[PDB]
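Shown below is the structure under consideration.
Below is a slice of the complex: some chains, not all, each in place.
Each chain gets a letter, A, B and C, in the order it is written, and its residues are counted from 1.
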């Protein structure tokens, strides 16, 4: 019963090492689940992030707005000569109208 | 200092250490599950925010307003120098008729 | 030179030093997960903030009205010019006919 206490105990360590074997199964099951959920979800986020990027570059109107701006400055330029050419016609027409 | 008493001491040392290791394992299982639940909670939030960025950014669509302005700017261009030039011609033609 | 009783006692001091060291080793594996959770919590918090700060910035970059106005003002300036263009248009038809004779 000292030699039967060693008997029982060698069965406990056999028992406990079987338990530990399953305990380590469950652990791998939770680890893998986290790793797989991390790529499903940290990945999913990256898609949308990049889908947003697409639309940000599809709503770049810097070129259209630079151009509108520049076309408006051409008109505003041609105002100078226009007023000049009109003012010379006014006196010309004023002269014919006084000497008709 | 018996043998049957000293095997029993070692029996309870091992029994304890086995109880300890089990707990350690259940602690680790809980911490892994907690981390995964927290990560999911916090990503679902970010994931929602990013969908409302996808919509909200359509506020920055001006494609149509911008085409209409490009065209009205052509209309203005035809409304100025080409008109004056025909007027200057016209005044030239009247001027001769009075000669 | 190995009494059964003496091998047991040696096994108990052995096991005792292994149960202490097993303890420290497990506390480190535990705190590895606490450290990673925190790291993840902090970085996702920062992400979330920027996301909100981006949302506020999109609202500060809506010049949709300010563009519609320029769109309209410009329609108004063009409409303001049709009457004079018509007048010139008619006078030119009349003058060119007389000049061509």
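The rule we apply is simple: contacts are C-beta pairs under 8 Å (C-beta built on N, C-alpha and C of every residue); 3 or more make two chains touch, one makes a residue touch a chain.
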Identical protein chains in the complete assembly, only 3 of which are shown: 4
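Throughout what follows, only the chains that are shown with their structure count from here on.
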Separation of mean Cα positions, subunit C and subunit A [Å, integer]: 6
Whole-Å separation of chain centres (CA-atom averages), subunit B against subunit C: 4
Subunit B - residues contacting subunit A, complex: 3-4, 7-8, 10-11, 14-15, 18, 21-22, 25, 28-29, 32-33, 35-36, 39-40, 43, 46-47, 50-51, 53-54, 57-58, 60-63, 66, 69-70, 73, 76-77, 80-81, 84, 87-88, 91, 94-95, 98
Subunit A residues touching subunit B - in the complex, by the definition given at the top: 1-2, 5-6, 8-9, 12-13, 16, 19-20, 23-24, 26-27, 30-31, 33-34, 37-38, 41-42, 44-45, 48-49, 51-52, 55-56, 59, 61, 64-65, 67-68, 71-72, 74-75, 78, 81-82, 85-86, 89, 92-93, 96, 100
